[PDB]
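Given the coordinates of chain A, work out where chain A' with the ligands should sit on it, guided by the hints.
Listed here are the chains, written in short residue letters.
Number of protein chains: 2
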Amino acid sequence: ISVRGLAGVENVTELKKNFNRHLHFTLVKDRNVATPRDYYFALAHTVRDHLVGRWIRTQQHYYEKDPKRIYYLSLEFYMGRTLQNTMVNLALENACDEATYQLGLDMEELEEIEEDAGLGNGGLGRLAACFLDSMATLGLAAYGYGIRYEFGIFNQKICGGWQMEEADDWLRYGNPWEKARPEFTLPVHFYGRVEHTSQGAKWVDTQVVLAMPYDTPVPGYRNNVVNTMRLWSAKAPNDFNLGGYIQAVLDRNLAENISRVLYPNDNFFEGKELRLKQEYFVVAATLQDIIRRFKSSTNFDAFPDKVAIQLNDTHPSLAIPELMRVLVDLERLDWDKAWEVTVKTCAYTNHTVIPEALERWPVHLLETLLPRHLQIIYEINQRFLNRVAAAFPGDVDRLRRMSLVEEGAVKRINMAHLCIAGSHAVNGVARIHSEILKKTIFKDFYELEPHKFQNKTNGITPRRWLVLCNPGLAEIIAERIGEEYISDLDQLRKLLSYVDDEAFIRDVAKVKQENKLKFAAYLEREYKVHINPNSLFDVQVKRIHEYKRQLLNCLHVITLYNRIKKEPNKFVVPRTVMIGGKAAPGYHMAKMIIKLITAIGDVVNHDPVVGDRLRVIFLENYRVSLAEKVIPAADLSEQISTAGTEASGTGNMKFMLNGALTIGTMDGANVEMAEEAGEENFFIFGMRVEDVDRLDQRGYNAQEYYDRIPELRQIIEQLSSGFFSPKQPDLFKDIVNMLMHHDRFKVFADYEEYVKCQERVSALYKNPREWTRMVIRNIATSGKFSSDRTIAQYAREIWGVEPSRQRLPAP
Amino acid sequence: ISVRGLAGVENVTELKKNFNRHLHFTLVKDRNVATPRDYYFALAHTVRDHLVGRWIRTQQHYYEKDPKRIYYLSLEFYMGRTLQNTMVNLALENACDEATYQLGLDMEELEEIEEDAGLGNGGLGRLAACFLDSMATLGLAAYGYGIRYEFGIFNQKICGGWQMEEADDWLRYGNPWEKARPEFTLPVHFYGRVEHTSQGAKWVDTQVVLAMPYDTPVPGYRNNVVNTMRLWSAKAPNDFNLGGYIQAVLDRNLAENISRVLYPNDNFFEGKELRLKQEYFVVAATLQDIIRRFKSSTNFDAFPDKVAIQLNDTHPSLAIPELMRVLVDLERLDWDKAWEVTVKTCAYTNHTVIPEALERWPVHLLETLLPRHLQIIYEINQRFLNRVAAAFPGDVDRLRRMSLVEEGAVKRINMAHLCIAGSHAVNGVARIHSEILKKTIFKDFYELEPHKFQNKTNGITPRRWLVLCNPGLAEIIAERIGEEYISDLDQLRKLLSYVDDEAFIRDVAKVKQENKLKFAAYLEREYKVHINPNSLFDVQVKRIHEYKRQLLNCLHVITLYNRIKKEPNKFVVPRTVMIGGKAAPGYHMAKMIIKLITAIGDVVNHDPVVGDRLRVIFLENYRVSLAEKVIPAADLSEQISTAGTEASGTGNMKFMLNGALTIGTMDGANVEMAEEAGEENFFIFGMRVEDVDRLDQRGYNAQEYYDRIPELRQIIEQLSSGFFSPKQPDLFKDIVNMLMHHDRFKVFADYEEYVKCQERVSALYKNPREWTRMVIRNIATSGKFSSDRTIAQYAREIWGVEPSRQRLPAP
Ligand SMILES: O=C(N[C@@H](Cc1ccc(F)cc1)C(=O)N1CCC(O)CC1)c1cc2cc(Cl)ccc2[nH]1
Ligand SMILES: O=C(N[C@@H](Cc1ccc(F)cc1)C(=O)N1CCC(O)CC1)c1cc2cc(Cl)ccc2[nH]1
Ligand SMILES: *Cc1c(COP(=O)(O)O)cnc(C)c1O
Ligand SMILES: *Cc1c(COP(=O)(O)O)cnc(C)c1O
Ligand SMILES: OC[C@H]1O[C@H](O)[C@H](O)[C@@H](O)[C@@H]1O
Ligand SMILES: OC[C@H]1O[C@H](O)[C@H](O)[C@@H](O)[C@@H]1O
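Residue numbers (the entry's author numbering), protein chains in the order written: chain A, 13 to 254, 260 to 314, 324 to 837; chain A', 13 to 254, 260 to 314, 324 to 837. A prime marks a further copy of an entry chain.
Since the hints were made in silico from the structure, they are not lab data.
Note that the Cβ used here is the ideal one computed from N, Cα and C, for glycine as well.
One thing to keep in mind: the hints can contain errors.
[As the list claims (entries may be wrong)] Estimated spans, in silico, between C-beta atoms of each pair:
no.	chain 1	residue 1	chain 2	residue 2	range
1	A'	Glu-124	A	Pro-199	24 to 32 Å
2	A	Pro-48	A'	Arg-409	21 to 29 Å
3	A'	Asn-325	A	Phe-252	56 to 64 Å
4	A'	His-768	A	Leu-291	44 to 52 Å
In isolation and in its complexed conformation, chain A is listed as follows:
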């Protein structure tokens, strides 16, 4: 059936009886009243049972061996479903598939019942998840620490072509993968004031909120290692939080609101108090847990030798001043020793350069909520600027530019500057992004401490993003080069010698056609629409953002439609362009773009002259589980952000690994992907970072493009006149206005080159054999983009630990 493992006679028999055991004793059901959800839960428990043993020994192991521990702090962990992932990493997939078959059930149908653990917004959150998988597969003693939101990313509904947000009550039916641990409940403080007494400062009269941990197992790939992802949940103390007795009890929900919902912002900062509370909550509980574990393993001199804390963006940046608070105020270490320790254990990862995404917290907020932390930040700033003054005497302007405190309307703390000053390493997520950080945004810091700056190009895990979602492709690859590539993706290079293999070429093309047929069916099954599986599947799925330019894609789609209407009887390569992604609730322009996409589809999809040559479909509720479905079925991957705006991107790597060709700009990781596959095997177009700068010096004037490109002007006039919105002719006035007068992302500037490039893609598609051979050269060179490579680099160049592919002593 496939290398989903073996289906042993004894193993299948054991699984079946345990499945029946859980259906009965755990779910209290019998075959006569059990629903598919019951069946899913019986299977989940049966599979979960196989982790317990490994989980206990792995943790037991780390206790005995006492290795250096890696702590990955993130406010997001975009996990998705975990049933299939667990079976894969445990080699149980075929056995469970057989067992359920014999019990008369369809395992695939059961898998669709699991809810996605959508505790993330997009790229940043999914990177943390891929990293967790790689760290376990590489035998690192790593822990993922975050917040257990009871409501993750909202479920997206399209109503009248508009996005509607609906609460993601993912825990409604229960989460079999988490393990509550009330024995490690910790107190977190807020507000209060600072008292300066004889022997040190004291933070008093604070409001207490308890942090209760929930542990989720993270299994490595077939090595018997099971690490932990610890998510904190807010719980109110039962005393004080006890005017009215009834009210006092109902009011407990005020403290517990801290972990209620994930902020739905992607690459956008919103300075709300609740968000700051969430950030301190996760930091305060995590560091107590880290130090407690360390004390078991009081000279904190060896702290950095046993502890590494990785900050995923600046969200958990309060870890720096919190570590100082604990070491100086509680452990009574002298400032300088505490600072040496802090810098040596902390490392920071930057994920974007757009200004609106940078965390700049108003000082009055930190003053009220965390008074002691504000004082420590001021002291850190003081000493840091003294260092700068010494290094660049008289450079008064550099002084204000590098300050962690920004003066102006309202004073603010620049969390990124805080992170650079208190970390021994700072990294970008793609070569171009890391260079841009040194050359622009953090130039002053790089000049001060060049040794701190590094790069760690992102990656994705080949387990979920290949074996799990595309078993067919994984099978034909393994048939030729073996299975060793699953945890050593570089071996994919060996596929280069099959580029002329008539058999391989036919197989690769076959799995893609099967994936497209399956997705096409899913589209009609759960969404009822109908699409032609013979057309080119053009897809752009990611969060809706002006910088990602779903709008540039829209212009091309309209261009295609207009060319068809001009010469109806001319042949054109049929296309099914699918765009999907969620817009943050308060992001007006992004919501306007979603409406534009659905409006274009309303016209195009019902034009008889167009026929089945062009279909515009908006993919509803894009999330991890849906990505696993569309990506393997894609032919063309759209990665068209304005050069210099997408730090790295990861969806791009997912598409490359699954047999889709890429059309994109020289941005983020796109640059390194083309470098690995060869630019001849990539569809690159548009301005490079340098051209964008040149245009900015000159001054970007959209009118110029509108004046010189008839096809462009026709589109804009179609939008303004109401051609795509009959009942509301001026519906899209905002978009047209932005495009013409305030386009920070120069959509028009890349239009001509994009359309031309798209023409070249259509020409290659007309030649199946050659299209497929290029795909093979992409798949064969995607090895570098595995998160196992990324993690091995973080491990060796930042954390100071050696990865290991050694199987743990059985379960």
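Frame of chain A, contents of chain A' with the ligands only:
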């Protein structure tokens, strides 16, 4: 070891391995890091496993056989712990005791870890729990329906002698006994308005709250029957309940607050909207569930033949108009047919006659929250008063007295009148209470429909209240008459022939001494105080209420103290008087009484001259699990409410069954207990109902008693001068003031007779042999107070079903 069942070799082996299975797979622990709470949970799951099979077949059975179903609606179910109770009813106690012993654990230590399911205030709530146990033991197809409060009765803490309330977060570590069933989630409506259209009225524009059920198994005593207690939990819909996206999500907690906390009022009405919402919530979800089940089993003519709904007090009274709403508005039945059906399926139980406990809801509240129900209530009232007018022509005053609508300051709906009009049966809970209902409070209704009024004297379950909490006494009883009495308490009469048995007399006295020694140890273990186990254990435990007169007990205690101080070297029977119970948070006088008790103990307990002859101890956090501890250790049970105020009482029956003698007034069930044991074997005193009336006609003047009783006057002057409150001399001015000028319960009127009676109790105690022989005559005649008797009466005289002690076909 005892008739806790057999400890089979195979059974103990099986239990041990399953215990280890759960500790590993369920709790993810190993013997090296498992805490006692883990051990408790492993045992709970092991025992719980033995119910699943029985639960499924019992429910399966009721489906096939299709008997008439009994639905017991209550806003309270005071369950207590359930581990030991489950082992008893399953005959697993000795086997589990052996198994844990061999695993090196103490089962008793593990049992103390379980949290009490305190979803009740006192008597009314505990009656529902005893009833559930009896209904299962009697093979009735019964379902208990209520609300799953996440916070039950508050935990009581004494600070500075004052009561402090603390949230009862009983679900913090999880509840292994409940089973969530999201597949039966039902919608409940609130607010909205009524539209009158062509074919009927419509309730529109309502706010929807979802009701999710949680099922808890209720095992019968060793008959393999397992019934269900279904508790509803409030859940917000994820759409509309989705101004701000974040706010919308945080605001879900407004709808879910409905099931957040139990109102801590005992025999007291508080007309708060949240409470009304809770009442409709449980009624609306329950009736949908009832009708759905009925439709499976559309002529609602047979509805009453298959359905019986028992209303525990007026709390679920909205069931009457809700049943009408559904039948008339949705099922489209004609009014009269719907009314015939409603009356025939509904029955109401009254639990008190004090006016402040009567539910009288303001019309403006029902108008806003349940507009359609208000209309139906008006129509019910209309037709009912027409009936009255026809029966008593011209009796205009009877008309207003019987109205369900009370005019005045604010119009109100008398929920009790609603219940009488819409039920085919109305019952009191003790013979005297039922007579008082007919003679006073509901006299007009009794004259209209005499056939409706009945009595069903309360009872307690002998499983929890004898076998579970007093195995020693249960063992010596069984040694002589067998085990059949456990489900046939009347057989206890056979013990009468052992009243002169020298061996029995010595045994009965022995178990009491052991129980007292054990409790005395527990007191020092968890509360550190020290008490003399040789003294007479004088206890009054129940909710603090003026009508229960903990104050009368206080006066006696002070009298004793004063007599000792007067003649220090005179001998007196040593006593340890223990008073315990919670005061509703807003009940000022009750909280003042708790402070009085602790203040008396502060003086008495530290007076050297008193020595160990008198100790006054206030029992902290009285609840079901504590009752199971004190009751078996008591010698004297205080049931001293003012004649005519305690409807029945049940604590009194618990004490009688466990070998304590009773000192009390001719009130509630006390009357029938003395009647069963013989007044010579009871310590009765004080005014009878008739004497209280006589005093009221005359006019109660406390000053008279103060003027004629020197000992009384001395006490009152001690309270006024600050003798019991040095730092705050006027601390108890409120109590003295009430006692002298506004004592609704005539404490002073029963003082003299009470003290004299107490002297007689002390004299009998001085004669161990005779004290014990009287105890035997009480225990031997307590058979009538088993809830199995009560339930068999409800079954035969109200519900129309026959109980059965037939074992269900194995598990
Ligand atoms: O709670 C039980 N089983 C779990 C089995 C289970 C466990 C985890 C999960 F994610 C889904 C189902 C369950 O259904 N839920 C707990 C977690 C969540 O709140 C949903 C309800 C349970 C079984 C059972 C048997 C008896 Cl006899 C009595 C009470 C019981 N409860
Ligand atoms: O949740 C698990 N077990 C239950 C075992 C259990 C079930 C009911 C109960 F009342 C107490 C304990 C539990 O500890 N809780 C669920 C209910 C409550 O929220 C407390 C935490 C669990 C075991 C386990 C093993 C693995 Cl390998 C992964 C996740 C897991 N979760
Ligand atoms: C991989 C992934 C992303 C990141 O996509 P980019 O195109 O890099 O922005 C976002 N969302 C989901 C659901 C993903 O799987
Ligand atoms: C039995 C019981 C009651 C009822 O006691 P009364 O003396 O009848 O008021 C109250 N609380 C608890 C904990 C009980 O067990
Ligand atoms: O680093 C992980 C991801 O973080 C953010 O989502 C960036 O916008 C994206 O470019 C990057 O791939
Ligand atoms: O009916 C059960 C109980 O209800 C209330 O608590 C009454 O006050 C009490 O007298 C009675 O025993």
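Subject >> Violated hints - listed by number, lowest first >> reply: Violated hint: only 2; rest satisfied.
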